[PDB]
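Participant: Residues per chain are reported as follows:
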Amino acid sequence: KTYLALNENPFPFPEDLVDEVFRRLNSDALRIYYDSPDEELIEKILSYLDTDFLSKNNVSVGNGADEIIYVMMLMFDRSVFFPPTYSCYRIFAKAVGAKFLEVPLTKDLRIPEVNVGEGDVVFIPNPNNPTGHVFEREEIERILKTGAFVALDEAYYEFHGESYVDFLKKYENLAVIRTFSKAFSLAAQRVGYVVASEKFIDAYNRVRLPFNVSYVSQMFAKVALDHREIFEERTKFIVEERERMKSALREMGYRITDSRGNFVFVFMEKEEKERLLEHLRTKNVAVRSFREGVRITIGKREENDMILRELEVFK
Amino acid sequence: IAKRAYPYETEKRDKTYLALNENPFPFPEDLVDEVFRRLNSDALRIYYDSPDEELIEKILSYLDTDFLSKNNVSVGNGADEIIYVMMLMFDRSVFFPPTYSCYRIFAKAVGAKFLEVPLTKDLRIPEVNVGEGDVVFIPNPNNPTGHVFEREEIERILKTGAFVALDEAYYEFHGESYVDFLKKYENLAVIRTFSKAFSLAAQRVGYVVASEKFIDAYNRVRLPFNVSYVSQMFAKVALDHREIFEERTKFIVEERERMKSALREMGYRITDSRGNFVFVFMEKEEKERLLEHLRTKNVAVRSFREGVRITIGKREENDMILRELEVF
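Same order as they appear, the protein sequences are chains B and A.
Going by PDB author numbering, the first residue of the first sequence is number 21, and it counts up by one from there.
Going by PDB author numbering, the first residue of the second sequence is number 7, and it counts up by one from there.
Please note: incorrect hints may appear among the correct ones.
Straight-line distance between alpha carbons at most 20 Å, and here's what the computed SDA-like set of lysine to any residue pairs gives [as the list claims (entries may be wrong)]:
| no. | chain 1 | residue 1 | chain 2 | residue 2 |
| --- | --- | --- | --- | --- |
| 1 | B | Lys320 | A | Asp48 |
| 2 | A | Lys189 | A | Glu159 |
| 3 | A | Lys256 | A | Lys320 |
| 4 | B | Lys114 | A | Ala223 |
| 5 | A | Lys242 | B | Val38 |
Derived by calculation from the structure, the hints in this document are not laboratory data.
Starting from the given sequences, assemble the full structure and let the hints guide the process.
Facilitator: Structure follows, in structure tokens:
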């Protein structure tokens with residue numbers, strides 16, 4: 021089935037690299053409790069962070085970015101996010117017992133004013149999924165100035181471009197969650213990492229699972245990270261294709277969001293929305309329905325092109 | 007931020023590591039190749055189904071029961087992941103030192119109210135006031151003592167109405183398992199693993215076998231995609247060839263029974279451990295002499311309160327501990 025609903029990378033994990041992971045993994049290793057963030061794994065992340073202020077004690081990993089999201093709500097009095105955002109902030113917080121606040125983005129997808137301060141963690145997923153839109157750095161600082169800890173979910177960084185990690189230079193109340201699930205077609209290996217103040221990272225490692233990342237998964241992320249150029253090129257394709265179809269959905273009379281993720285968001289009331297959802301259900305296509313609209317993930321051209329076609333005969 | 011629980015560090019492994027109850031043998035290369043033979047790369051891109059349909063069915067076939075169904079089992083990113091979340095699913099968590107040490111840690115890290123009630127001098131579950139809303143963790147075989155709790159004990163708490171996370175991490179290394187209690191109790195849950203028996207500690211793949219209503223609740227609180235596609239692929243290939251791991255489990259116990267015997271012979275006070283390790287009791291200033299003997303010959307063991315918990319290793323490694331214990 022043409023699946024375009026979870027924002028999965030279209031490209032499979034390079035068969036080539038898999039072989040590396042194969043030849044890089046020592047059998048006698050699977051037996052032992054391998055280190056969560058492997059020293060080598062972090063060295064390769066930091067190079068990937070290409071910063072001049074970050075160090076080992078400034079990064080940590082998590083069983084997929086979810087985990088960090090998941091373990092972070094465990095170490096803060098209250099979690100605060102803004103629908104429409106990542107569908108799991110709500111679910112995890114509830115599963116966790118994290119006290120949370122859902123203050124909706126303004127009419128114009130901006131971060132709303134919220135009495136939030138230290139003791140709170142505001143999960144701001146920039147690019148914001150599902151809208152894939154980006155809040156300029158002025159909006160993140162506004163909250164950072166409140167003292168609240170901000171969990172900058174950069175799950176779609178590789179698809180946007182700039183990241184606010186540099187903010188760690190001047191703000192200690194920030195942590196950034198990136199992951200290999202999107203740009204690295206490793207959503208099956210569950211490998212996410214976070215960059216924050218040591219202070220944070222340390223407490224984080226006291227809460228996260230001591231061995232949340234499977235030895236073979238880090239191998240995958242380390243490797244993926246050895247061959248960054250491959251993926252970046254895949255990204256160059258996800259974006260081109262996203263932008264290609266964002267101007268297309270627009271051209272087609274659709275109210276979408278200037279999304280900078282590996283997906284595009286299209287608005288539409290329950291009525292019509294629900295309509296194409298069942299019509300797509302017949303064409304074997306699967307997108308992701310949210311609230312005010314739908315979030316079709318970017319796939320190969322064919323998969324994408326198809327989406328575009330079912331939307332023309334619709335509206 | 008204010009939480010000075012336990013600082014995350016890293017075990018500096020010695021020439022001989024016997025502190026984590028890891029299997030001595032590597033994972034069958036034969037099988038690793040079998041895993042990468044199956045590894046569909048296009049699976050890596052998509053979000054693989056956490057408890058994988060096929061993994062569950064394999065897990066069921068390993069439990070070898072008629073009543074367990076794809077709705078009484080679930081997977082965790084290690085018993086650890088399972089021990090963890092469960093503590094979120096219950097107002098209070100209860101365990102009995104000496105139990106797994108990571109229990110305190112997880113609860114205390116999670117922010118879950120917990121009561122630590124030491125096990126009797128006979129290594130048995132004490133008398134505790136538990137009930138619904140509570141989850142009591144019982145490692146059978148026990149850790150680090152390795153001793154087995156009597157079905158009677160697990161039932162004495164079961165009937166209590168308090169949810170039981172019967173952590174059978176060391177099942178393999180011990181004949182029985184109390185999963186059939188799920189035939190009568192719905193507030194029970196058996197936690198398993200691949201870490202120790204299947205030499206998969208490095209892959210975080212553990213399973214929970216519980217009532218249908220629970221796995222359901224369980225699957226809502228834990229992470230949606232807790233387990234790697236490749237971690238799951240290792241479990242399957244593992245269960246598809248358990249005949250090999252049964253040979254290793256066999257050798258680990260035979261080799262464990264040789265030491266436990268070797269130790270009673272040297273006068274050492276030892277537990278009746280059925281885990282892939284053996285606990286030896288020792289007093290403060292006599293154990294650290296050992297610890298120092300060992301540390302000197304690059305031998306790492308887990309020193310506990312009342313003693314040490316040597317993990318079964320390979321022939322040579324095991325004889326070594328004996329030798330490093332005959333001089334005493």
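Participant: Next step is simple, just say for each hint if it's right about the structure.
Facilitator: These are the hints, each one checked on the structure:
Of the supplied pair hints, the one linking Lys320 of chain B and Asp48 of chain A holds, its CA atoms being roughly 13 Å apart against a limit of 20 Å. For the hint pairing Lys189 of chain A with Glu159 of chain A, the CA-to-CA distance comes to about 17 Å; that is within 20 Å, so the pair holds. Between the alpha carbons of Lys256 of chain A and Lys320 of chain A the distance comes to roughly 12 Å, so the proposed pair stays at or under 20 Å and holds. For the given pair, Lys114 of chain B sits about 12 Å from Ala223 of chain A by alpha-carbon distance, which is consistent with the 20 Å threshold.
Using a Cα cut-off of 20 Å, the hinted pair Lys242 of chain A and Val38 of chain B holds, with the two alpha carbons roughly 19 Å apart.
Checked against the numbered hints above, the structure violates none of them.
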